[PDB]
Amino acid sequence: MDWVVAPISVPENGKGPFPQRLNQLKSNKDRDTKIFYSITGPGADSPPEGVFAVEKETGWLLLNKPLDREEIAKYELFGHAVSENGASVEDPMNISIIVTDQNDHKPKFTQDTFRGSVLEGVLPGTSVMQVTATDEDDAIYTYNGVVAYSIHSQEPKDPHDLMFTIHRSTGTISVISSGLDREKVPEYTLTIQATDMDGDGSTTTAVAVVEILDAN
């Protein structure tokens, strides 16, 4: 029995030590001859050179230094086997290295202060504005690049304390209660937060300033 395709998943920023053994190659021609192994491709003999290597006799695939997914996320290499007589015995083998993500980037708001406005009359559920934070980490297979938005505080606290809400994943801010009155309170300052790992990681902070406009 065997795998049809077996890619090797390697976390970025590994401790090693280096050089670090990955998986071991084997030509089933072993008994008939002595085999010598080598590799080619971007990562081996094309740039970036010498990130990966092979032990010529044992067939161990080696990683020579820690990887950075944000720099290169995938490698496609080829492994070769030649007899002691010098003849390429079999087709070269496809080697796929998948670099898996670590949470090595903090989220960042696109601005320190976002600004929006809304009419004093509006219905609860009305969009005011949208805020945005970015995270360079993977948000598809991991949560490391997935951001959770929240409102930390509101100022002032009148009439109600919880006048707005923020959509947890889109960053759209909405009005959730009535009684907006420009004459009483013309401006609210919301301290907003974006936290990666969908709310369990690092947090960064910005501000949203909401102007209340007079409906005649």
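Numbering follows the first chain given and starts at 1. What changes on going to the form deposited in another entry:
- The listed options are 126, 68, 103, 58, and the one placed at a hinge of the rigid-part motion between these two forms is 103.
- Treated as two rigid bodies, the chain shows a rotation of the smaller part against the larger of 27° between these two forms, based on C-alpha superposition.
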Contents of the next structure:
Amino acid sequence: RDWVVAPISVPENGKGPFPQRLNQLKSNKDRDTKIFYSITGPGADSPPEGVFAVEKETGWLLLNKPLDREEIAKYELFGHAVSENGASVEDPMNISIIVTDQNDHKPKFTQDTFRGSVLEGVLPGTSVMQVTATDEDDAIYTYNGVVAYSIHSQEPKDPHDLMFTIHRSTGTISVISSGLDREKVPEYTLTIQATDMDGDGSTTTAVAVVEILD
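Taking the form deposited in one PDB entry as the starting point, write out the structure of the form deposited in another entry.
Chain only, nothing else included.
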């Protein structure tokens, strides 16, 4: 029919070119007279003003610039159709616009520094602590916001290096070697990493400080 518009999905960070046609509004009343189209709503005539617009004569709905999903993920605008003699010829039309995700956010550890402690005599397999990173991108239908964890490096490297691991998805740091000795090394500092696209994407760091208890 005319004067209907299906919900519209727009991936954020479009390259365009801009302005960009999305949909065309039309009233059947335009055989019988000249019609002027307009658009109102948050994103059109109210903040953020002028992201969307509509061509007066043609009814083309237009996007004027790239969208950001994490700023605004959905718009509801309203289309109007007014004849040349000034009478509206349609009831204002609901235009729904959905902003879909691209992976444009690095993960963030919730703290710059995490602390955990174990007794000197714990067995290999012992959970020390659980660190967490978040990611603002979609983690439901994509891996854009799915974080894989890894250990970047360990200091010091006595009695040897790679004495801990991290659970790839939970962030649980565990001890995988024997040989802890508070007297020799009372404390380890682990730089830890969080990578989105489940390990294929971009990566941030944090520190996890492990104390060997007395």
